[PDB]
Structures are given as C-alpha cells and as structure tokens.
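K.L.:
For reference, the chains in residue letters:
Number of protein chains: 2
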Amino acid sequence: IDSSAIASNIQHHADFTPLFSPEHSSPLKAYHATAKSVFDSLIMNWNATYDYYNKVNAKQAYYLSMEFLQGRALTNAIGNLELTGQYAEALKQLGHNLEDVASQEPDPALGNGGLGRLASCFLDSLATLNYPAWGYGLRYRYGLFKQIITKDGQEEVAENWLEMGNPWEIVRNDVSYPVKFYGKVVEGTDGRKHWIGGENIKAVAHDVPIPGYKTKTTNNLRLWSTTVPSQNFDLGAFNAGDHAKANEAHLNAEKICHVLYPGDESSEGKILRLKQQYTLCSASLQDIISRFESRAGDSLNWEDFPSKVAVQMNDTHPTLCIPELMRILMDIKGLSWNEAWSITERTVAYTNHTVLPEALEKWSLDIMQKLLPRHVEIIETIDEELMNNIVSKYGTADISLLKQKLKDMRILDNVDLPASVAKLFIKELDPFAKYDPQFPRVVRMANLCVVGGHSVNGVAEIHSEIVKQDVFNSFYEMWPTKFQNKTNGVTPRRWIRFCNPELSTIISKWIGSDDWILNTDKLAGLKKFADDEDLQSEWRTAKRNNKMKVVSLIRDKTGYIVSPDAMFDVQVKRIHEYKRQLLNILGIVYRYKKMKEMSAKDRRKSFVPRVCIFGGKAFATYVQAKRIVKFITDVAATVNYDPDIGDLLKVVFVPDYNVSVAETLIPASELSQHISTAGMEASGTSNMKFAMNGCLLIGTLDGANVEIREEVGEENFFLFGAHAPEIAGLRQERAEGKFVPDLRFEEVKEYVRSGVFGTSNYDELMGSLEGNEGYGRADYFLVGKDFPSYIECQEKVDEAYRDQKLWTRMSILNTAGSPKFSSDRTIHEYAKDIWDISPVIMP
Amino acid sequence: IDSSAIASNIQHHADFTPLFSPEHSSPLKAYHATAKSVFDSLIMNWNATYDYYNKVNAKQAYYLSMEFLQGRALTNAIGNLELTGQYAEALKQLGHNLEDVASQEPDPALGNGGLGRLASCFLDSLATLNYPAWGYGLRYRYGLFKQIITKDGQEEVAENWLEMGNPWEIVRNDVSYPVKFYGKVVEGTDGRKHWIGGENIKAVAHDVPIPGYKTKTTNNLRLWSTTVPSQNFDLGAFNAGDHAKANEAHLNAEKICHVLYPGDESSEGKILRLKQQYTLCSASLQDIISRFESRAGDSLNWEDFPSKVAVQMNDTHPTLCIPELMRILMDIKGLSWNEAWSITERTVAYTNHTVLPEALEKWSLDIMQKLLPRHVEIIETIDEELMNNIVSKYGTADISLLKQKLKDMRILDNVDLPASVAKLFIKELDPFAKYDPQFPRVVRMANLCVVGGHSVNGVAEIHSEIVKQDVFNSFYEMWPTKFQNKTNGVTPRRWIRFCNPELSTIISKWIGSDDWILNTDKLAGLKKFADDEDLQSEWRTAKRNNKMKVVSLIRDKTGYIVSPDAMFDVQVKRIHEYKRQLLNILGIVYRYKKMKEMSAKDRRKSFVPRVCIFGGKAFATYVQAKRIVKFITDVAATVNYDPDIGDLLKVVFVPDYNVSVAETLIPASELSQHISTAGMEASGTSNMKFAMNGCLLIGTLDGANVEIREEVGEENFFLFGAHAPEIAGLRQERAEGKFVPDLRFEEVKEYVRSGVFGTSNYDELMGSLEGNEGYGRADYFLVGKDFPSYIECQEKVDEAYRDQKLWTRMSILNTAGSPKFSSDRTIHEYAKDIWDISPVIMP
Ligand SMILES: OC[C@H]1O[C@H](O[C@H]2[C@H](O)[C@@H](O)[C@@H](O[C@H]3[C@H](O)[C@@H](O)[C@@H](O[C@H]4[C@H](O)[C@@H](O)[C@H](O)O[C@@H]4CO)O[C@@H]3CO)O[C@@H]2CO)[C@H](O)[C@@H](O)[C@@H]1O
Ligand SMILES: OC[C@H]1O[C@H](O[C@H]2[C@H](O)[C@@H](O)[C@@H](O[C@H]3[C@H](O)[C@@H](O)[C@@H](O[C@H]4[C@H](O)[C@@H](O)[C@H](O)O[C@@H]4CO)O[C@@H]3CO)O[C@@H]2CO)[C@H](O)[C@@H](O)[C@@H]1O
Ligand SMILES: OC[C@H]1O[C@H](O[C@H]2[C@H](O)[C@@H](O)[C@@H](O)O[C@@H]2CO)[C@H](O)[C@@H](O)[C@@H]1O
Ligand SMILES: OC[C@H]1O[C@H](O[C@H]2[C@H](O)[C@@H](O)[C@@H](O)O[C@@H]2CO)[C@H](O)[C@@H](O)[C@@H]1O
Ligand SMILES: *Cc1c(COP(=O)(O)O)cnc(C)c1O
Ligand SMILES: *Cc1c(COP(=O)(O)O)cnc(C)c1O
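These protein sequence lines map, in sequence, to chains A and B. The first sequence: position 560 = 766 (the working numbering), numbered continuously. The second sequence: position 407 = 613 (the working numbering), numbered continuously.
Hint data in this document are derived by calculation from the structure and do not stem from the laboratory. Certain hints may be false.
The list treats identical chains as interchangeable, and a pair is accepted whether it falls inside one copy or across any two copies.
[Claimed, not checked] List of simulated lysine-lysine pairs, BS3-like, C-alpha gap at most 27 Å:
{"no.": "1", "residue 1": "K451", "residue 2": "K476"}
{"no.": "2", "residue 1": "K408", "residue 2": "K461"}
{"no.": "3", "residue 1": "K613", "residue 2": "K476"}
{"no.": "4", "residue 1": "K576", "residue 2": "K451"}
{"no.": "5", "residue 1": "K386", "residue 2": "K451"}
{"no.": "6", "residue 1": "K832", "residue 2": "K451"}
{"no.": "7", "residue 1": "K763", "residue 2": "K832"}
{"no.": "8", "residue 1": "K235", "residue 2": "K261"}
With the sequences and hints as input, model every part of the structure.
P.N.:
Here's what the structure looks like:
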C-alpha cells in the first residue's frame, strides 16, 4: 500500500466526490480530497470493528457527553494508520504540502473545555487499547462561538465548520429515533403507563470513526442531529405569506443542535438546555437498547443488560438517562419497578467534573413537570425510595438528625414528603415536610446521579476526596463503596507524537524505540539522561524550532512581532475569575512598572525576556470575564509598543483558542500557568499536555498539579499560593475586615487606575478586588492574597531560566514524569473498576 | 466496460460513499448506490464537455426558467449511456431488480407544469444534439407540493426529495455570487452609479449533468441554492432566548428556495416571488459574465458578448435579466448606455407560454422601487426611450392615435410621462400624461420583455398568431421582425424509448433499426404498415401489457380495482377551470345516468367499457379547482361500487401526478383528453407524449392539437367544440341572455344537485355554470356550450373502439405522425433562428 497509489486515491476523490468546480485549485480543495482518501481506510476498519463486536457480543461501554473537542482529524488519522510518510509524499507529487493542507481543516465546533477534550482523548485511548466503546453526543452546527478580538475586547461569532459538510462523518439514514416533548401520561388497558401527545422530533445518527493507533480497531462517536420530517412544514402558513410560521416546526427541532451550552437566563433558554439533554439521553439509550436486542436475538434476557451495557454520565447533563432507562424498561418492555431499577443501578455510572455550581444542575420542577411529566413521576418514585432507605439506615428515633439527612440527599427539594415519611414529623405536620411557596420547587440532578449510578468518581485524588468530604458527604456515609477516583489523562499520540514530531524524534532516539507512544511508561528511561549535554542540546533546539511556529502564529493572528529568544510563558484556558487570568496579568503589570522605574542597564540584570501568551474564550454572557480579556488586550498594546521595553517583555492574547491552536502553542511553551484558586480546579488536562512537552508548570496546590508535582518532583515544579484547607478561612477573615493587602498589590491596583492602559481606567474591574463583603466584590478568588506569594515565585522562575542547564534538566524530567497522565491508564482504570469491560482484538 | 465491473462499482458506492448502516439492506439503499455508480460516468463526461467548450469558446445558449420537471434521472441516464442491459444484470447479481430500484427514486420537486417539463426535454435534446447550452434555475427544497387525496378532496404536503440529499447533483462551493435586496443608489467620484446597502445574500451553484443520448456531450442544469454565511447567525439573540430572531437572517435567505410559485395574495408573498426571480437573474447573469471573461482572457471585447452568449427568458419570470444586464455592463464594467443596450438587445430573447394573466406579470412599482431601486432607474430610462421611438414612428401630428400606442406599449403604467413626451399633450397638461392616484402605478413585465429581447416567440402556430394579433399588436406593428414561432416538442427517449420499452421493440423491428430514437422522422415508415395485422397484434398486446402496470398503480395509490380489458381514457393535467376537467366528468356523469336508466342488456349494447383516469394538482389557493377534484373523487366512490355498473365504467383520480406517474400512465393510454376552452391553451406537451405512444386524442381546435391533427390526419383525431374565433362572441351572447342550454345539460346539472354523489350537492360548483353575468359565474369557459358537441363526440369514440382494427390502425398512424413533435427539431429551430448557435462535437 504505497504513496503513488494514495496520490491516485486523492486525485480520485477530488474528481469523483467533488465539492468544487473541476478547474478550481485550492489548498482547501486538496484537504477535502485528502480527508476523503484517508477516510476510506476508516470505513473499511469501522465496519470490521462494528461487525466483530456484534459477533462477540462483548459488553460495550458508552460515553455520553454534551462536549467533544475532537479537533482536526487529518494528521491524527493518518498518523494512527501509520500512512504519515506516504501521505506526505503523495501531496508533493500533486503540488501540495501536508502541513499547509492540514491547516485548512476547520476545528469541529463540538466542545468547549476539558470536559470535551477529555472525552475525545478517551475515545482515542479506547480505540487504541481495543476496548469496545462508543461516544454519544450532539452535532452542534454553530458550536459555542468563534472568538474574534477587536478594540472592544471579545466578540462572539457563530462557527462555520459545517458550511461545506464534514468529510469525517457518515449519515446513517436508517438510524432515526423519535424523541418527545411535553404531552401527558395516562393509564392503558394493560395497567401500563403511556406517554402520549406533545411535540415529537427525530434524532438522526451521524457517525465519526475513531481510528486506533497501530490497530485495526476503529470505534465510533455517534452524533445526534435533530430535525422533523419535511411534511411538518406548513404550506398554508407559507402560501399565506407567514414564512416564519410555516417554518416554526423545523426551527424548533433544529435549534436543539444549533449552539453548545445556550444562554439560559431565560425560561426559553432553560427549556432548550433541557431538550438538548433529554434528546442526548433518549436517542442514545434507545439505540443502545436496540443493539442489545439484535445481538441477543432469540436468547433475550434483560437481566443480562448490565453485563452487556455500561453507560457513563459525564457530569450532570446526561442525568436524565436514569429515569429514561426506567421509562423504556417499564413502559416499553414491561419490566417491573425493582427489575428495571436493579438493571438501571448497575448500568449507569457518574463522573463529577467540578465542584462549581453551573455543573451541579438544579432545575425548576414546574418546567420539568411540563416538559417531561412521565420522567418526574419516575423521579418522584425514586425520591420516595431514597427516603425510605434513609429512614431505615438512621432515624424515626432521632428526627432532627433524620431531618438533616433528608435535606442533603433529597432529589426533589421543597416538595411535600411522601405520606410514608411525613408520618414521622407530626406535632400537626412539621413545616419541613411541606412545600413552601416562598421558595422554589427544585430537582437536584447531582443527587439523582448519585442515587442512580453504581459508581461515582472524580477526576483527581484531591478532588475525589473533596467529593466525599464536602460535596456528597451523607451519600458517602450511606454507600461508601460507590465513591471512587479516576485521575484524568491525555492521549500522547495527539499531544506529543503528532503535535510535536521534533521532540518525538529525540524521545525515540534516546529510549531506543517509538513504543513509548503506546507504552508511555517507557518515557521514565529519560530520567538518567537528564544531565547528558548532547540530549540537552537537541532538546533545547527542538523547543526553539517549535517557538518559531508560534512567532508566525502571533504575527498572523494578532499582528504583534515577537522574538523567540525570550521565555515563552503561556496561560491558555477558559476565561474565568477562578482560573485567575487576572492574577497573571497583574503580576506582569507589576514587572512592567518595576522595569519602567529602573535604568535600562538594570532592566537586563533584573528580568529575563518573556513572551507572555494568554488565550481562551470568555462565556459571552459572563460580563466580568469579558472585561478581563479587554483589559489584557489593552495592556498588550501599551507594553509591546514601548521603546523602553522592546523585547524584554511582550504580552499577547491569541484569539479563538482551540485544539488546533493548542497543538502549536503547547510544544513551544517553556512555562505554563495553572494558578487557579486552590480547591476550585477539579483536575485540568492542559497541565498534563504541557508537562509531556517539557514545559514547566507554575501553579497552586490544586487539582492535577498536586499529582503532577508528585511525579516530576517538587524541585522541578514552581509552587505558590494558599492551599485548599486555608481558603474559606482566609475569606471569612476578609469578611470581618482582617485582611490587609501587600503594599505592592495596592501599588499595582492604583497604577492600573492611573489610566496608562488606554482611555479605560478599570475602577470597575479593580472594584471586584475590594471591600470585605458582597457579591462580585470582596476578592472572593483571593487574587490580592496570593499575589505576593506569586510574584515572588516568578522571581525564582527568572533565576532558573538563567541557568539553561537547570531549566533543560527540569524540562526533561517533566517529560520523564508524565507517563501517569496518559489517558490510556485512565481508560484501563475505568475499564476494570467501573465498566468491567474487556478488550476485544480482531484476528 | 462490462456488467460484472459495474456490480462492483455499485457495491463500492454502497460501502465507500455510504448513507446507511452497513448491515442495513433496502431497495432505497440500492438506489443511492446505483445512482452514484451511474453518476461517475456523468462526471467524467461533464468535465470533458466543460473543458472543451472553454477551449473552443463557442457561443453558449442559456435557458432560464423557474421550473424544471426533471423527473427521475436513473433509467434515462443509464439508457442514454447505453449501459441499460449491463446495469440490469449487475443488479440481479446483487439480489435486486432495476425496475424496483428505479422506483425508489424521488421525483425532484423542481417544477409544476409544461413550462418545466419543456425546459427539461429541451436540455436532453440540446445535449443529445451536441449544442452548447446550460439551464439555469432555483433548487426548490419543498417544491410546489405533494398531493394527497383524502375524503375532503385535495390536501397539500411539502415534498421531501432532499431529505437524504440528491445524488444527481454536485455542489460547487467555489461558485457563489452575492445578490442584493433593498438598499439605495448614489453617485460616486467616477460619475458612476453605485448600489449600496440593503440586505445581502449568496447564491451557491448546484450542478445537474444532462447526459446526451449516444454522445459524450454532457451539458448542465445549474441550480441556485440561496443562503447566508454562518456569521450572520446572531448569538446575542440565541443566548438571550430569542431563538427565532437569532435565526431570522438564515430564514430570509433560505426561504427564497423553499417553495415553487409561493402564494402571493400578500405583500410579503409578492416580495418573495420577486426575490426568487431577481436571484435567478442576478446569480445566473453574473456567472455567464464570469465565463465569458475567463474564456476571452487577454483578448476581451464586450462587443463580442452577443456572439458568445444567448440568454432565453422562459415566460416573464426572468424579465429582470434585462435591466440586470444593464446594471452590470454599466456600473461594473463601465459601458455606456447605448453600448450596453445594444449588447442587451442582442443577447436576450423571450418566449411567451400563455395568454393567461398569471404569466403576464404586473408588479407594483412601489414594491419594486423599494426592493430594486437601481433596476427601476434603468427601466425608467428604457421606457423613456421606448416612448421616443414611438413618437418617431407615429405622431406629434395624430395625438389621440399616439395616446393609444403609448398605453399599449408603456412599460411603466400610470406614471408621469418623461418631460420630452409630456410636451405633446398640453391643453395645460393632459390628465393622461399624469399619474392618477386613483389607480396603481404598475410595471408591465411582458412589454419590457418585448422591448428587451431581439426575438419574441410563441409555442404553436395558432398561439404565435394570437400573440401577434391579440396580445402584442402595437409591438408587432413596430418590429414585425421580432415575432416568431417555435412549436413545442418532447424528448422521444424519455417519452417513448424509456417509458415504453415494449412498444420501442415493435418500432425498431418494423422500421428495421432503433435510429428513430434519434432521427425520429423515420417513424413515418410505419404509415404503410398500419393495416398489417401482425403489426397490429404486437401493437395491441403491448398496450395491454402496459395497461396491467396501471391496474397495479390504481390498486396501490387509490385502492380501486379496475379491469384492463376496458378503454383507458385519461385526462392528466393541472386542475384549472379552463382545462375543463369539469367538462369531462360531467360527460361521464351523463353516461352514468343513461346507464342507470336502461336495461342491463342495453348497457353492453350502448357503451364500451372504460376506465376514466383523471390526475393533476390544483393550485392550493385556487378554491374552485380544489372543489373540482373533491367532486371527481365523490363521483368515483359512487360509480365504482355500484353493482348495476361493475366493469362497464370506472372513474379514478390518481394522486400526486408527476413525471414518474405520467411515465406509467401515458404508454398505457388509448384515449387522452385535451379539451381546453379553445384559444386558451398555448401549446400543451402531453398531447404529443400521448400521440407518440399510440394514444388517440379527443379535443378542441386549440393549441398543439391543431398541428397534431394536421400530422396524424383529421380522420385519426376526435375533434369537438367551438373554435377560437367564435369564443368572445358566444360569451357576449351569454351576457345578453341569448344562450339557452341543451336539455341534456340541464338534466346533468340537476342530477348532480340530486345528492346521489354524497352529502354534498355542489349547488356552489354548478353555480359557476349559471347566470349571464359576474365573476366566477356565467360559465365563462363554455362548459355548457360545448357539452352537447362533446358527449356526441364521445359516441363516435365508442363506435370506433368497437372495431379494434380501426382503432389500432389509427393508434399506429398517431405514432407515425408524431415525428414533428420531437423536442430535437424544436431545438434545431431555436438554435438556428434565435440563438444562432452551432453544435460542438468532441473528437
Ligand atoms: O468543558 C469545561 C466545563 O464544561 C461544563 O461547564 C459548562 C457549564 O455547565 C455551562 O452551564 C456553562 O456555564 C456558564 C454559565 O451558564 C454562565 O452564566 C457563566 O457563569 C457565571 C455567570 O454568568 C455570572 O453571573 C457569575 O458572576 O459568575 C458565573 C460563574 O461563576 O459562565 C459559565 C461557564 O463559564 O459553561 C460551562 C463551560 O464553559 C461542565 O459542567 C464543567 O464541569 C467543565 O469543566
Ligand atoms: O408550468 C405551467 C405554467 O407555469 C407558470 O404558471 C404559474 C403562474 O405563473 C403562477 O403564478 C401560478 O399561478 C397561480 C395563481 O397564482 C393562483 O392565484 C391561481 O389563479 C387563480 C386564482 O387563485 C383565482 O382567484 C381565480 O378565480 O382564478 C385564477 C386562475 O384563473 O392559480 C394559478 C395557477 O393555477 O401557477 C402557475 C403554475 O401552476 C407559467 O406562467 C405558465 O406559462 C405555464 O403554463
Ligand atoms: O462566580 C461565582 C461568584 O461567587 C461568589 O459569590 C459569593 C458571594 O460573595 C456571597 O455574597 C454569597 O452570595 O456567597 C457566594 C459564594 O457562596 C463571589 O462573590 C463572586 O465574586 C463570584 O463571581
Ligand atoms: O380564472 C379567471 C376568471 O376569468 C373570468 O373573469 C371575467 C369575469 O367574468 C368578468 O366579470 C370580468 O371580471 O372579466 C373577466 C375576464 O376578463 C371568469 O369570470 C371567472 O370565472 C374566471 O375564474
Ligand atoms: C486540553 C484543552 C483544554 C482543557 O484545559 P484546562 O487546563 O483543563 O483548562 C481546553 N481547551 C482545549 C482546546 C484543550 O486542548
Ligand atoms: C408533459 C407533462 C405536463 C404538461 O402537460 P400539458 O398537456 O401541457 O398540461 C405536466 N406535468 C407533467 C408531469 C408532464 O409529464
């Protein structure tokens, strides 16, 4: 299977599955063709893998998520098939360049943060390790948004990734499932419940093959596109002139897949958010059920269901899986409550990803009751049961104790207790056991997930402890055997081998083979070579070579001109008060001010030259975050064009940070920042990407840094800031006026109010770092607190960078320390300890 | 290139361009694959033809139309490539059946009536005869509508043909043209006009190859799909919860291509109707201009434009081509008025298709002025010129005469005359030369088309005379050399060879070859064999064999059970008061009543057994037409289940009449009806299809029947009814109470009011056949008048069918008489006498 045949297959797809005029010649045209030529290998293998799983009828694992940051598939598919050399040559013959062709691929608009990229890494590992597993998600048309950076700060534009269609997917027209909204429940002849009426849509499957590395195993991300049958278009409306009304039905079905995490401060935004989730659950489960039945055939027994199916709820979005499975098993197959509940408990598992409350979903019962009346019936029964198990395991005797246990674990909050439990609170009836109209009736999804899943895990050792101690305590006490940990990871094929081929050469040379790509434990053999100077020379050169690609990026995307002989200092992540991009920039602002009040001789002596690179998207509606990116941009303009500074300091905000950007940025990075308020980050995965590439980490004792420190060693990691235990203390200290800030921190704040950074003075932004009390103020994320610790920590980073022997020694020990953070071992752990699945290898 | 390789190509497309799960097995899946396997041959040849035309830079002809009834492509593509035998065998190997696979193809929803099917026939002839010509149109998503027949009559459902995508098209992503609505005009530095602002959309090309018969020549139907760039989607709107507002821009662009001939009783429906047309013109012309320029290259001279381009305006919908070409030539290329006008005059030509006023488009100036302000400026200048040419060619002297000439030919009606011409009417100023607010300001498009095109033709000899005498008289007088005739035709490959293979065997046998398919004149050699009994036997059997396919159709689509040993009497056409389906059914109702008042012995003696088959769609908003289909259905129920009748008479209304239905119906037909009120049908093409298949015609001296009678001979055609000259006379006779109807016609009307045809008595419908005066009444289409002539004519049809030697002799002479009605010679005529194009044969 040689390069000359491949160049013919490329030509073929350009001409015989064409998207452009024949005489037209574009890199973009070359991409759609090359994509399709590669894809042929994936279809062959996809079908082989599909057919073999059906034969073997092995337990299949199903990963549900609202997010998938797939990123560009081309170079990773080609790389995994090991046709990387030959596709490169093929494109030379045709007057093209692979790097240039690959760069025309649009990033799928299917995700946002770690949650999505984690899921994606997971799928690559799962395929690579021959595990039978699919991903289920929604096919978002416009995604979250494409970030543009103007003079007003961030602006959001809808993404265009599907405008010419996605070559990396396959429409499965025979795979359509009906999904239902609103309606009402009634009891049929056969005493069985029947959910009728309401609005009805159909979800259609779009498959995205996941090619394994050096394996024929090709798994699948099945993506739901919602629509309605053309007949639901209203010609009466259209011919009468009312063209929007004519189109109402199509809009409502289709908007479900328009935007990721749509704004929900409106009742209409909530209903959509909820329709998004139900669709994911309903369509996905129906399909899972379907596959179980065709494989079972004549020998069909539902008790076999949890031994053939594992469903993984990634955060609380897919919670509805639980009652949805109960609906199908009872209303459609005629299983009894306990029979269905037993099966459900053992099929579902839950991973929590953040102690942040935007993930601890609460829903209005009234909305849910209206949209999904049958599911509320089911939850009502589940919550009645849950309370009877609590009654058993505790009280009747101690009522005030029992009262507390019931608040904590209740799924439906502020509802009239079931008759059974209300009994215990007569005096008559206690107000606690009664719905209070002064407050909302709420459905607490996280509790329902804890009840419904046989396993509950977090994503880092510190975090899964927080989960057991702070978040779900009464539940841990009841079912200690539910609670686990599965520390996150990242695929080393996309995040070393294919994003950083230059380093990858150096790695396989000194370890003696390239097997580490798969058996990443074998990177540890670099520890001993850490002080060899010849290794160090190749290692430093590689970093420098990758830095020149970023100089191109910054030049092109922002217009700024930046030298690669400086320290590349990066912070790229979702723009949130808690991740504290604000802390970082203010630290830069302090050094900027010091440089400006200092002689040009001393400037060289005092500070190492840096290029401080920010990136990430600010949730559009999040007002304060958006002001933070605006602010960063303003500082950039002021610093980069100052002749007193020059190449001693540059500050750059790279627009539209996504998988593609990270793939260039990360390998070129020498210092990355992960400086979240301690105990707020659950894990974080860029941490792990950076370390794999020999990037050093400056950060807090928070999430995955903790374990990353353990692996690479305290001496090869820049630690600063208050620790997790001390947080709420330092806050309440602030509340009673007891915190007095560093003199240097007051200096910076006022130097910002000086107005040297444009016509804006930002008294409003600095205002969130002041006062003792009140929402949006009181420096809740401890920026002013950790400030002095931090800027002092940055002095030690300077001094280390001065000894490039040391810096490179440490650089190397981070790569040597990374193997724990391979998504491969994250998968093994999941596979053994939760899913209980076995690999399946085709002959 | 053998059948065994083709079956592999089919398998390949099923697996390597898949639309369904791999284990799924459907006739439908087999179609999409087979379609794609055939398509590969078309792409090869499409590109060969494309490239060769560019080389030769031969004058290209461009057919613009709002309609294209393409019909199913599969068997016609396969047939034209002459791979018909081998594709049939290929499908047997794969466990499938071509007829069964072909029947899964959805009819494109791209047309409605003759206008569309004519255009389509034309494209097949043009490719077949090696003429360089494209068709330009819009890609309608939901089409006009899918007709369903319920107990309430007709109901309209939006068509679903694109739900899985069209295998027979190619998206040309590099071909996008901006189209602009509203806005305003301003004068730039360079004294040149500039149209700025307003709403902006983009039209994208979708190509549909037109394979020629036994030729490599593969021409093109370029179809415009309107949209906007994803960035015009409003995230602010979406995140705020206002999901319709977020989507407003996309809806407005996209709705342009949603429905064919959208209802326009609303100002909003008119603006759309107009946006549809402008888009067709604007996008198409820009593309034409573009191709001219790339072929011209360095040697570019605009005086060469009409020697390289011919644009054909099919009816008044593409009228805007005229001022649109003027816009581009002046505002974009900088040609002067006379330079651009000279070129425009010689590029554009106009075909009028009906003296019916829904085609003689009048537009409100105020709407047009708002939507297309620059185009009105241009029309204003054209109308000023037109009036100066009339001033020259007539008056100043005779003013009342000149007044009359100006009313008739004026493009803008009820507008203030230009200063120049207003001069001639001072007394002061004559009210005639002044805008009267008591009436609308109107733009008369047909006049503009006459002014703008170097040729004006009709579509049958009688009609093109009507056009010169009645419709455009003053214009004919001014420019007699503009006015022509091009009698319509139909492609004999789709309408004999491939719809009727059984007959096609018989044809090539007795003529000695199959060259007639191409050189259809050679059917004339059948005249002499008309009385050979062995020919007659094969001929009768074929008809009977094709009738058994219709028994299946009627059984399946309506549920009625009908014997093929009866006369198959068909009327299938758009349901219009003027085509007079009402006349036909009432004639049936008369025979029904006669049979019911008669002994069962006499019933056999008096009437030949018939199956009377109606079909066609009633424009949804057209209230009276819809009542006519309702009525027909009610009669069907009453007649078909009457034991006194049995198989002596059946009446059937076939739902959703389209190309596909006609392909089964026509070859099986023995009598077809074309009974329009004389002088109202321009041509008609089903006439010609029926005759080609040996179907006899009963009809009026109207449109193409006239010439069809001339060809097959008066003795082989059933003529009835008042003639064209006598019409308006018979009407005004009615107006002054002088018409007294036949006693048998009053009998039928009252027998309908009897209520024997269901709970409806239809006094409202019969009401349109009564009175002397008033809109919707007064029997304007002369149903009661022609009635006695007609039912008596049907007695002669009975008596002829009794002598099957005679009937079959006549059947044969109709096929022998058809060659004139081949779209091939219609094309030759157009090509020589209007377009002035030459064929181009590749080596
Ligand atoms: O992949 C990364 C994470 O993804 C998921 O988190 C998403 C949330 O579930 C989703 O709701 C959304 O959350 C945004 C809020 O909707 C939005 O209001 C805002 O929150 C602000 C609020 O606007 C403001 O009034 C207040 O002062 O501050 C709030 C934050 O403290 O922003 C939210 C996100 O930035 O977006 C999330 C992804 O961006 C998973 O749930 C999570 O576990 C993953 O880590
Ligand atoms: O392909 C066949 C023909 O196509 C084109 O004709 C189309 C018309 O241009 C288009 O406007 C439309 O016309 C329909 C009217 O819009 C609709 O109102 C109705 O007209 C009725 C009216 O509703 C009613 O009030 C009155 O009593 O009677 C009117 C008719 O006399 O129906 C019209 C069509 O049935 O549809 C046409 C195609 O269906 C070409 O223009 C034409 O030349 C072709 O022959
Ligand atoms: O982004 C989340 C939000 O959390 C904090 O809200 C505090 C607030 O200070 C209190 O008044 C009360 O409302 O407790 C909340 C935490 O439980 C921050 O105040 C705010 O800055 C931050 O944006
Ligand atoms: O479908 C068209 C429509 O045409 C006729 O309208 C007549 C009408 O009778 C007159 O009162 C005046 O309005 O002249 C028109 C023709 O110029 C028919 O009357 C009507 O039945 C028919 O539907
Ligand atoms: C790895 C990755 C993330 C997650 O980063 P955190 O460190 O968890 O904030 C987000 N976005 C993209 C594009 C990534 O590649
Ligand atoms: C030929 C044809 C027509 C045109 O028929 P007329 O006799 O002009 O009314 C309309 N529709 C279809 C599907 C056809 O095949």
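K.L.:
Hint by hint, say whether it matches the structure.
P.N.:
So, going through the hints one by one against the coordinates:
no. : hint        : verdict
1   : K451 x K476 : both (22 Å within a copy, 17 Å between copies)
2   : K408 x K461 : both (13 Å within a copy, 22 Å between copies)
3   : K613 x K476 : within (25 Å within a copy, 62 Å between copies)
4   : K576 x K451 : both (23 Å within a copy, 25 Å between copies)
5   : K386 x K451 : both (21 Å within a copy, 24 Å between copies)
6   : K832 x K451 : between (36 Å within a copy, 24 Å between copies)
7   : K763 x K832 : within (19 Å within a copy, 62 Å between copies)
8   : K235 x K261 : between (39 Å within a copy, 24 Å between copies)
Checked against the numbered hints given earlier, the structure satisfies every one of them.
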